[PDB]
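Okay, here we've got a single chain as structure tokens, the form solved without its partner chain, with questions on binding and movement later.
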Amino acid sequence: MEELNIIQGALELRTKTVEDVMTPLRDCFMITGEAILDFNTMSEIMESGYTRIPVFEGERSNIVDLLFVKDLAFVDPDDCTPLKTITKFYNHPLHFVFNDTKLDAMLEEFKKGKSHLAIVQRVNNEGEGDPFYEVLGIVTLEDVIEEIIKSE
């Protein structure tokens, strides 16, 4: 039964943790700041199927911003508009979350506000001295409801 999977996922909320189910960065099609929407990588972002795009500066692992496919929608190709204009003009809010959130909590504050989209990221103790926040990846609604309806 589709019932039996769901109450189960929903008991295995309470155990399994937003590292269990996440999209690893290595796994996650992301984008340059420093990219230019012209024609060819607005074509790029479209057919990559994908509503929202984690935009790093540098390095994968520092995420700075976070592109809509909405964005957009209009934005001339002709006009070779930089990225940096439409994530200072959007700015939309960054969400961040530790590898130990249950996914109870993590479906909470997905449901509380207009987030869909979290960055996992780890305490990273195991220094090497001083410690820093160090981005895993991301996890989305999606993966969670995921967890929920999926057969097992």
Second form
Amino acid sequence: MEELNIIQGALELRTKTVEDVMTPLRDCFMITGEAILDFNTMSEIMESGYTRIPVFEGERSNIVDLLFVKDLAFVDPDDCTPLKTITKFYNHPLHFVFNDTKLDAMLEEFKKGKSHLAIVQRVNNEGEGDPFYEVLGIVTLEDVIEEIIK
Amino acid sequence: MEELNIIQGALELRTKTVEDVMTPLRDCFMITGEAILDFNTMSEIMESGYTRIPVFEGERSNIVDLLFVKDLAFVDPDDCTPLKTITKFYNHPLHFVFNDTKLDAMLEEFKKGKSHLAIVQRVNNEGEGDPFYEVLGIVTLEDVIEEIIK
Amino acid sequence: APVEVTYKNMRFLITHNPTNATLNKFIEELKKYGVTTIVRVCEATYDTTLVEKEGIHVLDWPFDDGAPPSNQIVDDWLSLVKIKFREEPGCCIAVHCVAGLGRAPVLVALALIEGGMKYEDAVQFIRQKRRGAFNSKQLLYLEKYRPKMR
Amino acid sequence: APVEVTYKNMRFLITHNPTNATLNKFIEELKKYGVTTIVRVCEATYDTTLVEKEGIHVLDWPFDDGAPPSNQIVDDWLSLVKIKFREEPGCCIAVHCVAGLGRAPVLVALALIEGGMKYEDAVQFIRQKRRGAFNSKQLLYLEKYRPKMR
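If the structure you just shared is the form solved without its partner chain, then what does the corresponding form deposited with its partner chain bound look like?
Below, the chain from earlier opens the complete complex, with every other chain and molecule after it.
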């Protein structure tokens, strides 16, 4: 049963897209770039159980960075260091992918890089203004794997 | 290519054991139960990039607990709280499995529970004393998944 | 990891070796399984006073690691089983070691064999609950053993 | 995400809109691609002084969001391309908006079409680099456009 489910999911990696398995933007766990890291904020971040959190400024759709919780290692809560500052200290590549991208391509990209996370976006052609990239949500390696092992 | 690799790994989940894919004991990242959580120890734990760390007392083979990094949330470094104390505050089930356990059974157990981690052990029948359970290492959900997606 | 064994009117509990700090929970388990008497077949590592005050008597009958019990130990053990189970029917006898899987299961097995249970059936019954019990010597000992149908 | 376009002797760079704080890195990118001139087709959000001091002249030629450029803008743009590329061959012209994907690519496309490149080939050449450029109006505009072979 399990083996058959895995095999089927494997075959479905080709037809399915990242939009199908993504976490919609409004349901994503995020943090504002205006966050000050004090005892409470850092404690909340830790207790969240997330290894990597997206950092937005202004609109949630505007995602300017990736905070890895390990980046908080030697930060002192008493200093009340702005998150803005800490995100500068570490380079975590922020990947973007289009909504019609197939899951096997996505898995390949996840495999080559050190990035387990990607921002899903679509081309918005509704006029009369210039077309623009609209952020739909976030897809992770975990999402693809969960799509495979059911 | 990727799909075929996944399918093959799926079929190999039945023949392979947890001993094949496990991290041997000596190569496992661990922490002593005598650890005091101060700014430095907590910083090191955070910077390690591990979400869950095994806690041993005396011999590394003697694994008395599981420290989730999120358990460190509201701990104050100035208090120098013993790790022994903090492990009491949270219940993280410590699972043990035998070395000849197949990977599909292991995947099933990982799927039902909230535990992504298990201690691998073997029956040691070498005399002349009483037989005993020998800890070989640690296997994780990640190990099985990596065995599947190659 | 306490193990319960039930046959005919007999009930045994093969348990771990507690410490002085864990004594209360230990006594909670004994009282839960209705343990009247404890037999320690290895070194005595913990004070029995609190256990005595709780109405549970502790017998210390050590024999050699990886070895069968002596004839005297066997006789005392069978007599003990008889008197204790006739005195308070439905109660439970606790047998524990420090090491595990050799000696205590040998005692319990002897009790089962005297209860009429076949040798192979006894060994299988035990190993179903705890895998890897009975090293070579103890196996051959349970084989050669001649039941008196006591 | 700066985009380079090369055809015949012409080189264009379609870039993002920087801020006053990011100006130095921005100028680093321009100097890297050899940008002589910048054309801002949208609102001017940043001081050009530092850009001028670095030898890069900035032209502000806004036109309507989602709309084709006016005839005057087209003439000025073609003349600009001609003079700038004749003055310092091999150099690069930077065109950027705030919004993106409509207006700047329309300019670059016009330049390509006047360079002799076919309409469909031009649109495809652009979209290969940036997916989703050219809304409906701008598409039909590049279609109806009559090249003077300038």
